[PDB]
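Take a look at this single chain in structure tokens; it is the form deposited without its partner chain.
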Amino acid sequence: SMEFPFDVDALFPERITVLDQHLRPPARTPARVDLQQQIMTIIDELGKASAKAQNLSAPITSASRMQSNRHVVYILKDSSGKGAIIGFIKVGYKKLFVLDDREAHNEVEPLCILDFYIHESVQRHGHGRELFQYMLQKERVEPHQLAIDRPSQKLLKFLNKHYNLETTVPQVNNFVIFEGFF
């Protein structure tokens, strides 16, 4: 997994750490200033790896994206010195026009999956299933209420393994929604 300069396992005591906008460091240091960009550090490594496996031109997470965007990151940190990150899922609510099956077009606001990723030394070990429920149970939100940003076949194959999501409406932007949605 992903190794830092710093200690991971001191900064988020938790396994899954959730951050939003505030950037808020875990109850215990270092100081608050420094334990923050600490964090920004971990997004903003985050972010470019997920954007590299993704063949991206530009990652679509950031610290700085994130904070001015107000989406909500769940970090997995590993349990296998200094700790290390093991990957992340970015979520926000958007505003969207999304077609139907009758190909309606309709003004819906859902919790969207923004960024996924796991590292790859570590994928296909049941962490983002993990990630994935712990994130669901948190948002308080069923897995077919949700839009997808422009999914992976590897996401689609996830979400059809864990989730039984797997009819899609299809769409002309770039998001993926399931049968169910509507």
Contents of the next structure:
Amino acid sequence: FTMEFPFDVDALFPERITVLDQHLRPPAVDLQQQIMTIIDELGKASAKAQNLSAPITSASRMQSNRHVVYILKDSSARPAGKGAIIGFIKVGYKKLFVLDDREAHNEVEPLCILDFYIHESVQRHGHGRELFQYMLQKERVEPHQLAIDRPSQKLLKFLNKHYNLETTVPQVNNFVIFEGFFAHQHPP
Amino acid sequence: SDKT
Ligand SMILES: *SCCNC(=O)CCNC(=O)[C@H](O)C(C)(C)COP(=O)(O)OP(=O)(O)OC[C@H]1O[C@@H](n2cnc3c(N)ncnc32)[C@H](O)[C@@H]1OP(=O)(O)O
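Previous: the form deposited without its partner chain; requested now: the form solved in complex with its partner chain:
Whole complex next, starting from this chain.
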């Protein structure tokens, strides 16, 4: 993944952030395969960045799940003149049982952050925050209501810096939740 | 979790 593709990303994705589900519908010469290629390359790049041995995001996995992907294109002009992709965030609701600090196992179904990646060359340029904000607004969720699949320390620092989130009770299911997640807790 |  270099951000650029051998087709016109701006023609494919007219909007700054494009939201796709399992159907991978092109916005309105196989435009759907253009989208699938972008997702495949994004997933491979994200896995590499997270020290994972294989991708957790791909076109095929989008098609066989009920996840939603938000894709941020580059709003600047590139020298190659066909646009570019900055990164993405993938979310999905999941059933979990989470332990609180009162020894209760709570059955929940939160929106989960499942994959999140911004191209290395343009990390720490604010793109991740922009993408995350757009997702919060469309999904109608507040940050402390999220669970995150095995977050990187980079993401925990991002969430603490931008939203003051602090992790709460550690779990055995590989998801992380934050203070405010439980009904008896308060967001920061 | 898929990150396992
Ligand atoms: S759970 C998987 C999350 N993905 C990854 O870990 C993959 C590699 N990182 C990324 O794709 C992006 O760096 C993520 C984590 C998605 C954040 O996006 P941005 O880099 O675009 O974030 P912003 O510029 O909006 O915010 C910057 C703040 O984010 C935290 N942070 C970014 N990068 C790091 C690193 N390398 N180490 C520690 N923290 C990092 C910081 O709080 C950073 O604030 P700064 O002002 O740059 O300090």
